[PDB]
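Please arrange chains I, D and G on chain U, whose structure you already have, making use of the hints.
What follows is each chain in one-letter form.
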Amino acid sequence: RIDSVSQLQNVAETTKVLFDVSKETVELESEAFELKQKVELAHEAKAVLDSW
Amino acid sequence: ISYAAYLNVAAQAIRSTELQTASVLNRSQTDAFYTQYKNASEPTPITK
Amino acid sequence: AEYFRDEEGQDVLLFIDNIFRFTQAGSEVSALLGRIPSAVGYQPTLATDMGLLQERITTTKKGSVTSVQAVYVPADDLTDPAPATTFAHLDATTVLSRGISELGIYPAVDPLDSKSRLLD
Amino acid sequence: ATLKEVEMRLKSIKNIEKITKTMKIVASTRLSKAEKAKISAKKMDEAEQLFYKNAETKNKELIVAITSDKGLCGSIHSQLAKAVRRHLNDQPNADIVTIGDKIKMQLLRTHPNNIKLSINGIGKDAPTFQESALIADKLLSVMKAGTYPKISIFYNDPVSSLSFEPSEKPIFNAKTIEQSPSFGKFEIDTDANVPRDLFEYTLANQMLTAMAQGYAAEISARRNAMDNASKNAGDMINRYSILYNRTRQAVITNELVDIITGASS
Numbered sequence: 106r107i108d109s110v111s112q113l114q115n116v117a118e119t120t121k122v123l124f125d126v127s128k129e130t131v132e133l134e135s136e137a138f139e140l141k142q143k144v145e146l147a148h149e150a151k152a153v154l155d156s157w
Numbered sequence: 008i009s010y011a012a013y014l015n016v017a018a019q020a021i022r023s027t028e029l030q031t032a033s034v035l036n037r038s039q040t041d042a043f044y045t046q047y048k049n053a054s055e056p057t058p059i060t061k
Numbered sequence: 240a241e242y243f244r245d246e247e248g249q250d251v252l253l254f255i256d257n258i259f260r261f262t263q264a265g266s267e268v269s270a271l272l273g274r275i276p277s278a279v280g281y282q283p284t285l286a287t288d289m290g291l292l293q294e295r296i297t298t299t300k301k302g303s304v305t306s307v308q309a310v311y312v313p314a315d316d317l318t319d320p321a322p323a324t325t326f327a328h329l330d331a332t333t334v335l336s337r338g339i340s341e342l343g344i345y346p347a348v349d350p351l352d353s354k355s356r357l358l359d
Numbered sequence: 001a002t003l004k005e006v007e008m009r010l011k012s013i014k015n016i017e018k019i020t021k022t023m024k025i026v027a028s029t030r031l032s033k034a035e036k037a038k039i040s041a042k043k044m045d046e047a048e049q050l051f052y053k054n055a056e057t058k059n071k072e073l074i075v076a077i078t079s080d081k082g083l084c085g086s087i088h089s090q091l092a093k094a095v096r097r098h099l100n101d102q103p104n105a106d107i108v109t110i111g112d113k114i115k116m117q118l119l120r121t122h123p124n125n126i127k128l129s130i131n132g133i134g135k136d137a138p139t140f141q142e143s144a145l146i147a148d149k150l151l152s153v154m155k156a157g158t159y160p161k162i163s164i165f166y167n168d169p170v171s172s173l174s175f176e177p178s179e180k181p182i183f184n185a186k187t188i189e190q191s192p193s194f195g196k197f198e199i200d201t202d203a204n205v206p207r208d209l210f211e212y213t214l215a216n217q218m219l220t221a222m223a224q225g226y227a228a229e230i231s232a233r234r235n236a237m238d239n240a241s242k243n244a245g246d247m248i249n250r251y252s253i254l255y256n257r258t259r260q261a262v263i264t265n266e267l268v269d270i271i272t273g274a275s276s
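Chains as they are written, first to last, in the entry's author numbering: chain U, 106 to 157; chain I, 8 to 23, 27 to 49, 53 to 61; chain D, 240 to 359; chain G, 1 to 59, 71 to 276.
It is possible that part of the hints are untrue.
In silico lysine to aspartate or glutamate, DMTMM-like type, Cα no more than 25 Å apart, as pairs [said to hold, decoys possible]:
(1) G:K33 - I:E28
(2) G:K81 - I:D41
(3) D:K301 - U:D155
(4) G:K113 - I:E55
(5) D:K301 - U:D108
(6) G:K81 - I:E28
(7) I:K48 - G:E72
(8) U:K143 - D:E246
No lab work stands behind these hints: they were computed from the structure.
Just chain U, same shape as in the assembly:
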């Protein structure tokens, strides 16, 4: 009976760690967008220059 009750207690606490962490990673993709843009712009500049 103790085994069941303990699982609820222990599990209920720890899943919140993954719930915050996962969404933080999604926040990182907003910063990632600035990284992506820099790559686009540099590829663009490089492409024209190779043609030159």
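Positioned in the frame of chain U, the structure of chains I, D and G alone reads:
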């Protein structure tokens, strides 16, 4: 040896009077091997 | 295709349906022009004539040229010289056949009759 | 060319057909003998089954199965293997005595602690008492068959003259007789040691019965399987006939162009 191996021998004596058919001799005479086995591993065969 | 190749550095493609029909046309003209037809029916000038288009499809440092070519196979004999002499001038194939078509496998590409130079 | 390569492969199919025809004929002759033997065996054994029934019953553990040493005879060998396997879900390490080389190889894969005793030279031979007796006698000595609570025997029952379903019956231990619901209508004191003796004797007689069904089923299957082989082989002959006929026309027409081009020039 078994009770039914003794009946078997009794049956063997009975296969030979000369009047008896080929199949009779086969129910009372076979040359075969039996592959001894253990474990994969095998001791080699011996005549049954 | 060559103007894009030369002047511009911009990406090229080529899609062809069918360059067997170029070969087919050569066999048709061959008698009239003043040539003597070689066996099957295909031109006696097949290697040279084939050679000229396929060296005018070739990669240069002025730009790379990805090509996808299609060959119509008459009576499904691939052992005839017009389909056959192409493979040497190829990197990859994905041969399609009637049999795999019947089996209901679409795409009809032979899985034991495919080859590439990117395979290693 | 193409031509000679067509003609040789069509030949190969023919030789195969010819041999499967030959076989079915030899199979029909063997078969008659096989089924006749099986009635007598079943009937003899049945007289013991009558006892085993009235007496009632309380039947590691042993497995026996009976198969041909010689390959090809249908799916006799591997349908028999599925049923052995079913009863090796009890104990995965349980000891199989293989009357028949073929089944042994297949089982040895599935679990290696199975093959313990094996026999050889049964497959070219008929269901005769001598083979069963010696094997039974050897089963007691080597394998200690009288210890077992269960013994089980597998064969392939010749269901109908066109089929075989793998089937079983249990050899009854010496233990069964003693403690079974009735041993009061088969009362004894010290007049005989009926269990230890009656058990031995039924090892060989039940096992024989199983060899007879299996043999009748095998030879029957063989006939049918070879019968079906001729048909499938025939079908290939007929397709390859269309191939030969097209192959001949092509050689003649391609050949004409060659002579004509030479003559022109």
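> Which numbered hints does this structure break?
Replying inline: 5, 6 and 8
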